[PDB]
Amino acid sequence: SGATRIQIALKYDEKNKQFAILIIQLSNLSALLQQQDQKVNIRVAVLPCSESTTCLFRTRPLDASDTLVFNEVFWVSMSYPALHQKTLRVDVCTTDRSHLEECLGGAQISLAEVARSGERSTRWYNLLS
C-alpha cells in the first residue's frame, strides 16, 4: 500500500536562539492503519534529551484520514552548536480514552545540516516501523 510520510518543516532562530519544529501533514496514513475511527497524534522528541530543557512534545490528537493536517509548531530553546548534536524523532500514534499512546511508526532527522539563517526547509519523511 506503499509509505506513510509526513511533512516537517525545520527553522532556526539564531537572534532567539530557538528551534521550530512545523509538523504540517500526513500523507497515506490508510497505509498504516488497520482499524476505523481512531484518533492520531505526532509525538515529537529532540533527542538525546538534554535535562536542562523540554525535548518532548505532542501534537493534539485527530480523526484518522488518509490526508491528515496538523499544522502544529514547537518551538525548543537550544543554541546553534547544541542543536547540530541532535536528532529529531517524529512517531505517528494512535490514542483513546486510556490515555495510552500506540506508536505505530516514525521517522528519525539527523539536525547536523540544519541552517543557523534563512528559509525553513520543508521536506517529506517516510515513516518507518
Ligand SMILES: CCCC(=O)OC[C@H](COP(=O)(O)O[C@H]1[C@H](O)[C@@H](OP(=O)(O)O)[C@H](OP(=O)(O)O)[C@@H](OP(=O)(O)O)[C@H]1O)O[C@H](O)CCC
Given for the second form:
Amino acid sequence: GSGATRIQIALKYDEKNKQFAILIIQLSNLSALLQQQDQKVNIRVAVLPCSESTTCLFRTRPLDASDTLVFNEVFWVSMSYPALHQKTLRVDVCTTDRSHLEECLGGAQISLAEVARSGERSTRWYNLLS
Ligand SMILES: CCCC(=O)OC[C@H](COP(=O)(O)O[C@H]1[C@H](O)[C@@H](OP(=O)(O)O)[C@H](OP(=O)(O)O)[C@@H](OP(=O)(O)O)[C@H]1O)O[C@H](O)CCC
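Having seen the form solved without the ligand, please provide the structure of the form solved in complex with the ligand.
First the chain shown before, then all remaining chains and molecules of the complex.
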C-alpha cells in the first residue's frame, strides 16, 4: 500500500467577520509516508507569507499514527479578502514526541488566489510532497 499520502482540507472565507477558516479534516494512506509506527502525528498549518500583525502558524493536536487519520480541527485567521488572495497555505504532516521537536516529513502548498468571497466552502484532497 504505497502511493501518495493525501490530506483533505476545507477552506471558507467569512466576509461578515473578515476571516478565513481552515478545516484540517483527515489524512489517507499515511502508512506510505511513515517508515516507523506508533508515532504521534500532527499537522502544521502556515499562512504565508507571514503577516506579522496577526498569527500565521497553527498546529493540530497530535494523534497516534493510523493509515487513515481524522483530525477535524478548524483554524480561523483574521484577514481581508484582498490580503487572503495574495497568500499561500502550507500544511505539513509532522511526527512528534516528548521532545516537542517537529519532524515534518512532507506537505502541500495551496495558493489561495482563487478562494471564493461567498462562503460556499471548498473541500479538496491534496497530495503531499517530501
Ligand atoms: C470550514 C467550516 C467550519 C466547520 O464547520 O468545521 C467544523 C467541523 C466540521 O463541520 P461539519 O459538520 O460541517 O463537517 C462534518 C465533518 O467534516 C465530518 O467529517 P468526517 O469525520 O471526515 O467524516 C462528517 O460527518 P460526522 O462524522 O458526523 O462528523 C461530515 O462530512 P460530510 O458533510 O458528509 O461531507 C461533515 O458534515 O467539525 C467537526 O466535524 C467536529 C465534530 C463534532
